[PDB]
Structures are given as structure tokens and as C-alpha cells.
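Below you will find one chain, with nothing else, as C-alpha cells; this is the form solved without the named molecule, and questions on how it binds or moves follow later.
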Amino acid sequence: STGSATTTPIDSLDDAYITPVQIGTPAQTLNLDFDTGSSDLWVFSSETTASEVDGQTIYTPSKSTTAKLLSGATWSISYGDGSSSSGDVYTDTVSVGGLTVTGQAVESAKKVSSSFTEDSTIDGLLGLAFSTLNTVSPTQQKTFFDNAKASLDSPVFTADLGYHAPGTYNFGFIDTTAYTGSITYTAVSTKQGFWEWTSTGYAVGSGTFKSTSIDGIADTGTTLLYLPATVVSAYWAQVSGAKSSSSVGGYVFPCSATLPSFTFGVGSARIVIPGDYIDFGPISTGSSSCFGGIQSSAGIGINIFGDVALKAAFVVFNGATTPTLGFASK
């Protein structure tokens, strides 16, 4: 089997991407944030505290003939941005792009933090990291990908995120029309439950490539590119008037600037992030200070190749017995 679904930016900055997902029978379509940095499939639901719902589409298990309570199971998750959610668990039929899993754990939110409530466009998350991070207790549950894997034509999914445009998530096949050149594969460590890999270095603009190992995760659920402070300082030093602002919470730059590109290494291959991908626009409406898309990871504990980096590539998440990541230009 295969699946193919279009993923759409939630706003003009590409802050996140939503993908329609069918849950239950008859189908209830919710728009979920596919997150390669977490492992829970959770939704706004008929159980979510009413004051915490503001425009999201909800899953109502009582209207699904295939829903079953997963008795006794609860979940609770906290993300890197400080957001959180928790609840109980149903199993139900879930389809993405024509690929169906029966018996998928659908984590029904009873509580969500303010950042979720305030984002009316995101109806929940679909985690695609390794199932070792799934938070369901007392019986940990599998991701949609892990449940689909054995049925897929190839045990892979691909992320092809757009810059200010829709893109695609494919399951079970690699669309050889979707990228240019060849795919460079690199090793993955699953020790922390993430798609963790080591970049071979970086360049700023037309500068020389610096060979240096940068361990980090491929995380579709993170907007920006978070890298070591040395690398980030080297990038923003090439932008007149850029500075790190403790008041704003990262590097800002004059909105009048033209940003240089950023290149990262994948083995001997190179992915180039155009400068415009690094512009996240005014820090507040009408400001002439703009927020940078490359930020320090110093306060995180891990480097994160988020959407700024991933949308410059066609990315293969190879879930074979020995997982690997692949990157191609596009």
C-alpha cells in the first residue's frame, strides 16, 4: 500500500503545515500537524475542555462506529516550545492520503495549553518519530507509520514541504519526480527516539564550506533551524544590523536586509536554504525588526533541523530495520 497527502502552510510565514487526516467511520477529517519530532497522534475532541477549544475541528468518538475506548490508557505530552496536552485514548481507523490503519491509537485531548487553543488551524498532531517516545500509559502505543509499515510497499515516508506553498507527505514510496539529482542517505541514531543524524558542516552565503559534525534531529514540527551558537553567530554576522535580542528571544535583523543563503552538509552533498526562507517577518505587526529563521540551540540541548531546513529538500525517512535519512535538492 501507499498514501499521498498534501500538506499546507497554516499562515503566510510557514509557521507549521497541516495535512488532512480521516478518523473514524464515517470519516471525520481533521487537519493535523505531522511532527517527525514526536510520537503521539492526538486530537481536539468532544472531550476537550470547552474553554480550550476556539475554532478547531474536533473528533467525536461517540459518532464513530469503529471507535473503542482504550480502557485505562492516558497520555500527557510537553513539547520543546513549552506547549502541552493530555487526555485519554481511543482506537479507531485512521487514513492519510488513501493509506488506512485500523486500530490506531487516537489520543483524545481533555486539556490543551494556550498555544494550541490560540491556533484554530491545527486540530491535533500526528507524530512520526520513533514509537519509544509515545506517551500513552500504561501501554505505550505505536505511531501511524509504525502501524502502517508492514503494509507499505517500502518502509518509508517522505516530507516535501513547500516554501509559502503546499507540499506533500508520501508513505510507502519515493516519488522520483519530486526531486533533482540523487538522494544522499545518512545514518540515524534512534537512541533518543528522534530521527537524529549528523550533518557534515555548513556554509554562509557564498562563503567556504566549514567541515564540522553537527548532530541534530529532522523535525517537521519545529518551524526554525536551531544550530550551535558558533554557527548561528557566523551566519548573522553576515547581515548588517542583525543582533541577538534577549527581549525578543533570538536573532533579529533589519527588515530592509537581503539575507544570505545557508548551506548544510549531508555526507558529501549540500542542501542550500535560500536567504528568503530565513525571513520570518516583523517581530510585531508593522515593526522594521524581523525575526530570523536560524536561531541558537544553546538553550535547547539539541540541534533541530526544522521546517526552514527541511523545506529546502526532499527528505526520506527510511524506517527499515536500520533507519536512515535521505536528502535531495528539489
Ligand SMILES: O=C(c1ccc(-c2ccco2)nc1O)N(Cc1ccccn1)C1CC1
The other form holds:
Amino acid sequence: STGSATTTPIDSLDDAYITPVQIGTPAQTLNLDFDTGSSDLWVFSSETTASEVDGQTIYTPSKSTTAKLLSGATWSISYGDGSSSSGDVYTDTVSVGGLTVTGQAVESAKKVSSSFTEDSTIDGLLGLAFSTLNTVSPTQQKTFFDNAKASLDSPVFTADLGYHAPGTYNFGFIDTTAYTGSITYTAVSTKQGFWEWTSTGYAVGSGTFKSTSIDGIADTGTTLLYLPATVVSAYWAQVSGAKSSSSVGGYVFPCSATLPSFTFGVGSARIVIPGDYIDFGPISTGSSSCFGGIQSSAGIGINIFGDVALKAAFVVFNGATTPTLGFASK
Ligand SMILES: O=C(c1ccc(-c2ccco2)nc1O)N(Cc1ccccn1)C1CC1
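Here we have the form solved without the named molecule; I need the corresponding form solved in complex with the named molecule.
What follows is the whole complex; the chain from before opens it.
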């Protein structure tokens, strides 16, 4: 089997991407944020505190003939931006782009933090990291990808995120028309439950490439590119007037600037992020100070290849017995 679904930026900055997902019988279509940095599939639901729902589409398990309460199971998650959600769990049929999993754990939110309520465009998350991070208790649950893997033609999914445009998540096959050149594959460590890999270095604009190992995660659920402070300083030093602002919470730059590209290494290959991908626009409406798309990871404890980086590539998440990641230009 295979699946193929279009993923769409939620706003004009590509702050996140939503992909439609069919849950239950008859189908209830919810727009989920596919997140390779987490491992819970959770949704706004008929159980969500009513004051915490503001325009999202909800899953109502009582209207699904295939929903079954997973008795006793609860879940609770916190994300690196401080947001969180929690609730109970049902199993139900879940389809993505024509690929169906029966008995998928669908984690129904009873509570969501303010950031979720305030984002009417995201109806939930679909976790695609390793199942060892799944928060369900007392019996940890598998991700949609783990449940589907055995049926898939090839035990892979691919992320092809667009810049200010739709893109695609595919399951079970590699679309050889979707990228240029070859795919370079690199080793993955699952020890922290993430798609954790080691970049071979970086370049700023037309500058010389610096060979240096940068350990970090491929995280579709994170907007920006978070890298060591030395790297980020070198990038922003090339932008006249850029500075790190404690009041804003990162690097800002004059909106009048033209940003340089940023290249990261994947083995001997190179992925170039165009400068325009690094512009996240005015810090507040009407400001001429713009927010940078490359920020320091020093506060986080891990480097994160988020959407800014991933949208410059066609990315293979290879869930073979020994997982690997593949990157190609496109
Ligand atoms: O939001 C998280 C994050 C945190 C915790 C968990 C997790 C799974 C299960 C329990 O906790 N999963 C994440 O997905 N980021 C992305 C991030 C962090 C900080 C700033 C920006 N982006 C990843 C790094 C851990």
C-alpha cells in the first residue's frame, strides 16, 4: 500500500503545515500538523473543554461506528514552545492520502493550552517520530507510520514541504519526479526517539564551507532552524543591522535587508536554503524589524532542522530495520 496527501502552509509565513486526515466511520476530516518531532496523534474533540475550542474542527468519537474507548488510557504532552495538551484515547480507523490504518490510537484532547486554542487552523497533531516517545499511559501506543509500515510497499515516508506553497507527504514510496539529482542518505540515532542525524557542516551565502559535525533532529513540527550559537552568529554577521534581541527572543534584522542563503551538509552533499526562506517578517504588524528563520539552539539542548531547513529539500524518513534519513535538492 501507499498514501499521498497534500500539505498546506497555515499562513503566509509557513509557520506550520496542515494535512487532511480522515478519522472514523463515516469519515471525519481534520487538518493535522504532521510532526516528525513527536509521536502522539491527538485531536481537538467533542471532549475538549468548550472554552478551549475556537474554530477548530473536532473529532466526535460517538458519531464513529469504529471508535472504541481505550479503557484506562490517558495522555499528556508538552512541546518545546511551552504548549501542551492532554486527554483520553480511542482507537479508530485513520486514513492519510488513501492509506488506511485500523485500530490507530486517536488521542482525544480534554485540555489544550492557549497557543492551540488560538490557532484555528490546526485541529491536532500527527506524530511521526519513533513510538518510544508516545505519551499514552499505561500502555504506550504506536504512531500512524509504525502501524502502517508492514503494509507499505517500502517502509518509508517522505516530506516535501513547499515554500509559500503546498507540498506533499507520501507513505510507502519515493516519488523520483519530486527531486533533482540523487538522494543522499545519512545515519540516524533513535536513542532519544527522534530522527536524529549529524550534518557535515555549513556555509553562509557564497562563503566557504566549514566542515563540522552538527548533531540535530529532522523536525517538521518546528518552524525554524535552530543551530549552535557559533553557527548562528556567523550567519547573522553577514546581515547589516542584524542583532540578537532578548526582548524579542532571538535574532532580528532590518526588513529592508536581502538575506544570504545558508547551506548545510548531508554527507558529501549540500542543501541550500535560499535567503528568502529565512525571513519571517515583521516582529509585530507594521514593524520594520523582521524575525530571523535561523536561531540559536543554546536554550534548547538540541539542534533542530525545522521547516526552514526541511522545505529546501526532499526528505526521506526511512523506517527500515536500521532507520536512515535521505535528503535531495528539488
Ligand atoms: O517541541 C518539541 C518537543 C518537545 C517535547 C516532545 C515530547 C515528545 C514526548 C514528550 O515530549 N516532543 C517535541 O516535539 N521540540 C521542538 C522544539 C523545541 C523547542 C523549540 C522549538 N522546537 C523537540 C525538540 C524536542
